[PDB]
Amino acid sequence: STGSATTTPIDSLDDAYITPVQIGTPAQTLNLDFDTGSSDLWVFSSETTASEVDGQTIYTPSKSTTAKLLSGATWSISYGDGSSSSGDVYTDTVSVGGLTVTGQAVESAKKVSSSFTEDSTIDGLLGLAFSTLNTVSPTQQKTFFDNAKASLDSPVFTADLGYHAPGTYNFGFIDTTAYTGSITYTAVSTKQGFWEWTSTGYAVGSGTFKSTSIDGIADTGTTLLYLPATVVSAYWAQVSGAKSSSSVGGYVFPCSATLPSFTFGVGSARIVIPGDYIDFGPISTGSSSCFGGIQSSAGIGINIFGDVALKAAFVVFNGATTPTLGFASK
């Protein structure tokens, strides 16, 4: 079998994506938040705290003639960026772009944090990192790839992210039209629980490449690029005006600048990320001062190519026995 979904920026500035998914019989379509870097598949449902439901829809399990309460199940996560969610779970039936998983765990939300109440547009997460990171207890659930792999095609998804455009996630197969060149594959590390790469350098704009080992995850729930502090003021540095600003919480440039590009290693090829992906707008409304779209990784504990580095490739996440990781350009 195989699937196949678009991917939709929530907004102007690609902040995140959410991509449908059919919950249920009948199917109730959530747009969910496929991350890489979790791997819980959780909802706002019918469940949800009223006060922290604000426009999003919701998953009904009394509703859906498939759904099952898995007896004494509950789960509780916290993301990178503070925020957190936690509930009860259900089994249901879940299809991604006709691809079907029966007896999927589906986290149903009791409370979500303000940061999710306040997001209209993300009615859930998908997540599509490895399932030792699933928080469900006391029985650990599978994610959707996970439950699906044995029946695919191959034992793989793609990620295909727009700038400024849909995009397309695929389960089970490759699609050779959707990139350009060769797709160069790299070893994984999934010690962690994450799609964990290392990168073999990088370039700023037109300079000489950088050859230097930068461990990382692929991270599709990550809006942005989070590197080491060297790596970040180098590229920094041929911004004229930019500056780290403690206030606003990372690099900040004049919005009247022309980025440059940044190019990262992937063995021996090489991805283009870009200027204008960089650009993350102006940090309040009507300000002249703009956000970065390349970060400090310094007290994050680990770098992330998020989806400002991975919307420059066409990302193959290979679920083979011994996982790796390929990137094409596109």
Contents of the next structure:
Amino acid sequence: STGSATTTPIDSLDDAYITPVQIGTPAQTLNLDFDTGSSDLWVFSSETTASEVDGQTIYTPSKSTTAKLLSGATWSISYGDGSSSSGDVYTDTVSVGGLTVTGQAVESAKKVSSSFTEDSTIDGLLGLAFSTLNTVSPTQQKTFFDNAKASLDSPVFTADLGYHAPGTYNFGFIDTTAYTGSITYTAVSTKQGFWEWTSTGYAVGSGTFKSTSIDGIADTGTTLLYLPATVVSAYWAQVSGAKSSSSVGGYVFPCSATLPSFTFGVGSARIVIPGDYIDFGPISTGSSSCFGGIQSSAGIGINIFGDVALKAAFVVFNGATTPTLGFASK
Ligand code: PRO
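Given the form solved without ligand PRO, corresponding form solved in complex with ligand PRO:
Following is the full complex, with the preceding chain placed first.
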């Protein structure tokens, strides 16, 4: 089997991407944030505290002939941005882009934090990290990808995120028309439950490439690129007027600037992030200070190749017995 679904930015800054997912029978279509940095499939639902719902489409298990309460199971998750959600669990039929899994754990939110309530475009998350991170207790549950795997033509999914444009998540096949040149594969560690890999270095604009190992995670659910303070300082030093602002919460730069590109290494390959991708626009409406798309990971504890980096590439998440990550230009 295979699946193929279009993923669409939620706003003009590509803050996140939503992908339609069919849940239950008859289908209830919810727009989920596919997140390679977590392992829970959770939704706004008929159980979500009413005051915490503001425009989202909800899953109503009582209207699904295939929904079953997973008795006694609960879940609770906190994300790197401080947001959180929790609730109970159903099993139901879930389809993404034509690929169907039966008996998928669908985690129904009873409570969500304010950032979720305030984002009316996101009806929940679909986790694509390793199932060892799944938060359901007392019986941990599998991700959609892990449940789908045995039916897939090939044990892979691919992320092809757009810059200010729709893109695609494919399951079970590599679309050889969706990238240019070759795909370069690199080793993954699952020790922390993430798609964790080691970049071979970086360059700023037209500068020389610095060979240096940077361990980090491929995370479609994080907007920005978070790298060591040394690397980030070297980048912003090339932008006149750029500085780190504790009041704003990171690097800002004059909106009149032209940003250099940023290159990261994947083995002997090089992925170039255009300067435009690194511009996240005014810090507040009408400001002439703009927020940077490359930020320090120093306060986070892990480097994160988020959407800023990933949308510059066609990315293969290879979930074979020995997992790997592939990157190609596009
Ligand atoms: O009552 C049940 O089975 C689920 C688990 C606790 C909350 N709701």
